[PDB]
Amino acid sequence: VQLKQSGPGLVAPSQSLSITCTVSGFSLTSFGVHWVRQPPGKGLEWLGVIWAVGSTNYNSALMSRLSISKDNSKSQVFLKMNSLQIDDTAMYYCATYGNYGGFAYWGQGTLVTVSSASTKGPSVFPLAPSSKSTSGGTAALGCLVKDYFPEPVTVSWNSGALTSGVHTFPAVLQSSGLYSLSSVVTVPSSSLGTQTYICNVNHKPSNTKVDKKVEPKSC
Amino acid sequence: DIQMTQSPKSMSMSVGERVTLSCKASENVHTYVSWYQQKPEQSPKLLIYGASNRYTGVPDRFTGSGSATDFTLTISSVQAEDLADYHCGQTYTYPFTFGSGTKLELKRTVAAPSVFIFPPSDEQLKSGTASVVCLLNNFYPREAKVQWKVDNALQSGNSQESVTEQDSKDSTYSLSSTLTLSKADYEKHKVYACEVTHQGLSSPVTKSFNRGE
Ligand SMILES: CC(=O)N[C@H]1[C@H]([C@H](O)[C@H](O)CO)O[C@@](O[C@H]2[C@@H](O)[C@@H](CO)O[C@@H](O[C@H]3[C@H](O)[C@@H](O)[C@H](SCC(=N)NCCCC[C@H](NC(C)=O)C(N)=O)O[C@@H]3CO)[C@@H]2O)(C(=O)O)C[C@@H]1O
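These protein sequence lines map, in sequence, to chains H and L.
Under the entry's author numbering, the first sequence has 167 at position 161, and the numbering climbs by one with no breaks.
Under the entry's author numbering, the second sequence has 50 at position 45, and the numbering climbs by one with no breaks.
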């Protein structure tokens, strides 16, 4: 069983969102698919369901603005919501009970941001290791991922081969209205001259991918 | 229309201790209650359904119990991997609803931060702005105070900080504080310092660089 969702993105208020959930390993004529969302710093909220038989049920607090539909032959379920407000910003999931009594299978989530701002890809700056970021035989280095909108970005090191010691911080909204975050990793200080360290930044809302080599700081 | 109250809202336990999470429904939901584990940067995963059924693949240390309006998730001996938010939900009647979640955090020995400082990259300076980053790595507990000083002037209102979720393999946190200035302001000063206060430190520690180097 698998549920895979379309990608994150930005929609303006009073406009409408549409998300696709593509299912595999079961048939939509046998299992109902639900939509659940998680607003920033809040708990889960059930939105609605389209049952195998094709009838729908909706959260009554939202049903005037919500529509759930499906295409059985394509194994796709669609969520549509209009008259969007800022507080519709959330991680949206499709889910199914399958053969169980709770949400046993979940999609990977679709981050929908409602805002009048424009999409902007990040600037990526190195946090170069130096005598000032060394503690004994340990050095820290990183990359500053700055001035992007909306969330999210994914940061990896050396295409994802490097995970030990990596800390990618939650983004913060700057006073400009753009997000900024850092990702750091600690390595042996003697590795700085012999090992390449590259941060890889992916901002799917802007379909941007950036790689920055992080070299030790010069004089 | 059925309201699920989880308590406590957060807790901190040592590895191997027994954990008890509570969930209270505002009306009788019989046994239609599920528990979900959400680790950072992941989807919720089902642990318990029908109040007491352990879901496929869930370790035996997770047990659900309760009925009607009072429900419990116990972890018989908590492990460092069990760090997560735990959600309860009812599917007894429309609309299905969930509690607000309980954040489970782990206890460990006090661990002071290693402090590192990063001057702005030269590529960023050419754009007109300067970010100076102070990093506090692998400390415990979470509480820490970071103060920026520029040529000994204590700064306020021009920095922002972020703290990672607790690490699942050493139960520590890290923190980044970012000081932002115009390039013009950055170039008007020499010394950039961050001073860190933490339970694991005798006295506040300072980390600095001088642009004149
Ligand atoms: C493989 C298989 O068997 N597939 C089934 C699927 C499948 O089981 C589900 O999709 C889950 O994956 O189900 C199919 O059947 C659906 C369909 O019939 C729809 C129609 O709306 O209903 C679905 O059942 C749900 C009920 O509608 C819903 O009411 C309950 S709430 C939990 C409950 N049992 N409460 C009891 C009392 C309710 C409160 C009561 N108030 C009243 C009575 O008004 C009071 N006393 O206060 O959840 C049900 C699901 O758990 C049904 O599953 C489908 O998807 O089409 C058939 C397919 O063959």
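Since the hints were derived computationally from the structure, they do not count as laboratory data.
No residue lacks a Cβ here, since even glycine has one placed at the ideal position from N, Cα and C.
Be careful, since some hints might not be right.
Examples of chain L residues toward chain H, derived with CB under 7 Å [said to hold, decoys possible]:
1. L51
2. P64
3. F67
4. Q84
5. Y97
6. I122
7. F123
8. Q129
9. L140
10. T169
11. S179
12. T211
Status of the hints after comparison with the structure:
no.: 1; hint: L51; result: holds, 5 Å
no.: 2; hint: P64; result: violated, 16 Å
no.: 3; hint: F67; result: violated, 13 Å
no.: 4; hint: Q84; result: violated, 20 Å
no.: 5; hint: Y97; result: violated, 10 Å
no.: 6; hint: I122; result: holds, 5 Å
no.: 7; hint: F123; result: holds, 4 Å
no.: 8; hint: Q129; result: holds, 5 Å
no.: 9; hint: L140; result: holds, 6 Å
no.: 10; hint: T169; result: holds, 5 Å
no.: 11; hint: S179; result: holds, 5 Å
no.: 12; hint: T211; result: violated, 12 Å
The earlier numbered hints that this structure contradicts are 2, 3, 4, 5, 12.
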